[PDB]
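Shown below, as structure tokens, is a lone chain in the form deposited in one PDB entry; questions about how it binds or moves come after it.
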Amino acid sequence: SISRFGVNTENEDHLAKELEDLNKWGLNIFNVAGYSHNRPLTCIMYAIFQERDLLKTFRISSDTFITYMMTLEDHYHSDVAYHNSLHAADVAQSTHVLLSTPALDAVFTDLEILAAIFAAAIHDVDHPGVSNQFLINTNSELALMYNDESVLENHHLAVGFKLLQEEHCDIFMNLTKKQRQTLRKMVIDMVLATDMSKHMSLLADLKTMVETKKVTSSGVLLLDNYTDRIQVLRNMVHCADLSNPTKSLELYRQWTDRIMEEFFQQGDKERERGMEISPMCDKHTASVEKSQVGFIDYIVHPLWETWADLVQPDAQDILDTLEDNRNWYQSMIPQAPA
């Protein structure tokens, strides 16, 4: 309902043009936010749920959905440069595209599709713009509550679900009790998996699976048991979360400026509070280009090559873009050795 969005017909027409890419990696979520009064997460999520008939399937009225989404989106901090609703919207939409990869056709149930997109939407909700370590080092009440383990990730989950109890926000009201239980389990699993400290083990397990990889006569992947599906789902959301470098350079560069500003912001907070300045959080000693190249080589590329392997040749264009983007940054590195 365009009215809940406060969008007039002219921006609705702009939005319509942007949403033509709803199912494409090339969608520009920045333009989406620009035409939706900066409610990219609710807009994109509504478009996604309509596109996949998830509202009909799970009996979620547009009212309940929009109410919950606008509430959730409002719990993302618009003053946090990277981990805001724009990033959540990007990850939800990226997850939406990844779910429809040829190699995974007919593999996931609707509840699993619902879980993955929900997970993506709430995975960074109420993010303060600082790392778990910063929260730990400052003796944050949040760190004490979660015993220094996956502090933010646990909090993102607690908030995403807690907001279902606000007025007209229970979008899972009509799922059976078993459905809610299963979705909760899967969502918790996928969001906890976004904790970068679990990356290596996620990748390790992911490779170990690409080995026993099974397909059909048409090439479609075969995932018959839960453990395997959830493992693919958790890695999928992780990949979407780490998809910035695989996007058109125009987009990637905007994501990089944001993550760097957020790091510098934390750097400022550490200086303000008399703490030692963390790595990559000092704008006067950080190498943006070197960082990206290093991030891609050791984290992003190793992840996406493995995902591309699992669903080959579906992710080939993504891998090519990733590699082009990496080399572009490697060339932009300030002309050393002098």
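Positions refer to the first chain, counted from 1. C-alpha atoms forming the largest set that superposes within 1.5 Å between two forms make up the rigid core. First, how it differs from the form deposited in another entry.
The rigid-core alignment places the CA of residue 273 2 Å or more apart between these two forms.
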Given for the second form:
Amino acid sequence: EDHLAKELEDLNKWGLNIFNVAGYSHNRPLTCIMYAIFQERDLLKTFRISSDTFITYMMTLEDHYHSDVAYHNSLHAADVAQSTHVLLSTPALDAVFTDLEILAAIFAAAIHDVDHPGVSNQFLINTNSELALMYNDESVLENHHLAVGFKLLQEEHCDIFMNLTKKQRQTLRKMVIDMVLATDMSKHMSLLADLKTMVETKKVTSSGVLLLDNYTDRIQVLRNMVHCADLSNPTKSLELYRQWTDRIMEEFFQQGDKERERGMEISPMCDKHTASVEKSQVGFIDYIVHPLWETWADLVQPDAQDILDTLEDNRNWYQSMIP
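For comparison with the form deposited in one PDB entry, provide the form deposited in another entry.
Just the single chain follows, nothing else.
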């Protein structure tokens, strides 16, 4: 409708309000936003992806995100997808990626939490759940999001990559597995370290653009691009960030309550009777989100400064909410 088109004017912008597109699209923010991104970037025409097939697939994907999970639902997938879309347009990475690398990064963004049960890897491992027995305790959820994501391409009327060559499906697949497995938080300190090495030897050509020799370097930036996108919540406007914070904290406290009914040890932050939301956001930003984004800002100097300033204002806001 009208309100939806006005809200979509900010598609290429960090300030887009995905909460508002969710309301104007009959709660189909992922289908909605992915259709917009794919059209704007001409991915449908480029890869001969039928509009019909694409909607069918995105709708089914969207239905695999549980709407009863407070944070990890299709709204979150849509926010990560749209943030990734904005990140691929950083001036510093202009014309560096192939359309296939762009296709892969946004496709990964969309599936990266599909069928999330609302609990963490450590909870699934500690409760001997079926998926942890299946995946041998390694990146249990991430491996599953990928399995579910790719399993839905196995029906002609849903195969969005049908018209790619065999070579492009093989490459796109490698890239997506690699990007989604990189959203596993237990790999954060390893990724951030390799990204700080990427920055130290970073090269920028005469045109103000980064030089990525070959595939190893390009996929490194892409793994990090989607990792930051997945942790982009405290870098948005204080109004969006407070809503995201209330969601994630609802999920975490829900997990602590499950942990409590079983007699398991409750992690100091999922413990609703004690945990200070405010203090845990400030520790989240200081020890994890700011180091990641400060490093991303260095790689893309100066395109991510506005994002760093917002981060430091949101942290400062949250810090002022504790006596």
